[PDB]
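Please model the complete structure; the sequences and the hints are all you need to start from.
So you can see what is in the structure, the chains are spelled out below.
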Amino acid sequence: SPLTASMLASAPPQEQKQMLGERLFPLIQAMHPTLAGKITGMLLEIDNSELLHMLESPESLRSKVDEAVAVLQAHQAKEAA
Amino acid sequence: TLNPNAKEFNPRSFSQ
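Sequence lines, in order, name chains A and B. Mapping of the first sequence onto my numbering: residues 1 to 81, in sequence order. Mapping of the second sequence onto my numbering: residues 1 to 16, in sequence order.
Simulated crosslink set (BS3-like; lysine-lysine; CA at most 30 Å straight-line):
| id | chain 1 | residue 1 | chain 2 | residue 2 |
| --- | --- | --- | --- | --- |
| 1 | B | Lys7 | A | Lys78 |
| 2 | A | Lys38 | B | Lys7 |
| 3 | A | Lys78 | A | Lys38 |
| 4 | A | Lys17 | A | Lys38 |
| 5 | A | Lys17 | B | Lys7 |
Just so you have them, the derived chain B footprint on chain A, three or more residues with Cβ under 8 Å:
| id | region |
| --- | --- |
| 6 | 22–35 |
| 7 | 59–72 |
Note that these hints are calculated values from the structure, not bench results. Idealized CB from N, CA, C, for every residue including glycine.
What follows is the structure, given as structure tokens:
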């Protein structure tokens, strides 16, 4: 049972984010098991239509996750110092 | 753009 745009339309905005995160999380965790919760949280700031696109396009998701990891790691370097 | 201070996401399960 895949997530569809009509499924999401049945839900309040905050629930839609959670629904999107549920589908994204296993994919993100596969790529980066340690950072997965934080990375998913970061991506959930993106508009829901764009998140749907990311769910449909592995290349798009991977580029965004790469961006998120690089940002998180750069931030961590600043805080670690 | 992406904010590294974003709320962490909590899944229904990790076996996801």
